[PDB]
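In the form solved without its partner chain, a lone chain appears below as structure tokens.
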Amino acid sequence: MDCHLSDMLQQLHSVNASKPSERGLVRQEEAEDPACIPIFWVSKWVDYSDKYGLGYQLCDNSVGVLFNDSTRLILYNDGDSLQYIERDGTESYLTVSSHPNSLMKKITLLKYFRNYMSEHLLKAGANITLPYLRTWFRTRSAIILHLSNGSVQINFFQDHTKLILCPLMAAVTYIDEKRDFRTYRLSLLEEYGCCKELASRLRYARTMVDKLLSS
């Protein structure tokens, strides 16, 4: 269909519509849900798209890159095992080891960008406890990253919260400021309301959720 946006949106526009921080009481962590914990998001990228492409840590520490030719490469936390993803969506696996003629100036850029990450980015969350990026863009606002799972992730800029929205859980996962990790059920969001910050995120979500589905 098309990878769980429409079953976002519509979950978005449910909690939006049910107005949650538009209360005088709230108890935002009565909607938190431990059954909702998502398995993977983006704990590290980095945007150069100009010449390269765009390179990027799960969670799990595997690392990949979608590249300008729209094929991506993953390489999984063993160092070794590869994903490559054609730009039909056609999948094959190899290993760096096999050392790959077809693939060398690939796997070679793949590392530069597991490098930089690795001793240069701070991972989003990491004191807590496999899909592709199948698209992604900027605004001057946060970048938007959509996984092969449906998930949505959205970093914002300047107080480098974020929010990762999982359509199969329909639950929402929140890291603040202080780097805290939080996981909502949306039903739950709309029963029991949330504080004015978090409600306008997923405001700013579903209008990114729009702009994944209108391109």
Contents of the next structure:
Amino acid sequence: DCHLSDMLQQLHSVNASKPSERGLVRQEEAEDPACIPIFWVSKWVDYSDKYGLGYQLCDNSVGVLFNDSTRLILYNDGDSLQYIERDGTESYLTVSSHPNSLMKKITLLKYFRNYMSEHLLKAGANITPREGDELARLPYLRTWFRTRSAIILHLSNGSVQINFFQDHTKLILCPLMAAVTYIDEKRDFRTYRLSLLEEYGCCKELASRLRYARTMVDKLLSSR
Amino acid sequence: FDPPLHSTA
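To complete the pair, please output the form solved in complex with its partner chain; the form solved without its partner chain was given just before.
First the chain shown before, then all remaining chains and molecules of the complex.
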């Protein structure tokens, strides 16, 4: 949890500055759309009482964190597979290769994928992601938890995503850019440099979500 | 396949 420490310090710092508790607030001056995430979670399915958590990333790949802490990942070609065991052992194969050891888990991934496809809305479909690297690994879901107000999704690339149940607003925090992308209730998205929010301030609603984000990151570090 | 919880349907 090296990236989480950076994110905590970053969030602690912005909240301490009290960005909404100022007379002059100019959050537009803190916008940096050069910092849009490469990846975020566009769909999720919590079936952890039986199977685990399934999700979609913005690139159309899918994953499932099974209850046994194994992970299956379908790349956006809908065929290429990455299997990650508890100890970290990874395997690269295909749905069509038909490996008998994994058919139970592959079948489940298809159910998750189908449920998301025909039932659920794709978050940030109106956002173009940042390019990235052709060599870099596909991120996966490291860990997650739900509160009564939000789901918290921590990816292996260090990004933390928080979705709020009440009003559909979402936060995407990247510690590498020290940046936050905010999707409001009207589905508008803005990316802010956190250090610039300390100087220019932001509206009341973003500030309170940055306050909540910090609590959640505390929970993440504190679960180790 | 009826999951109890999920993102915005």
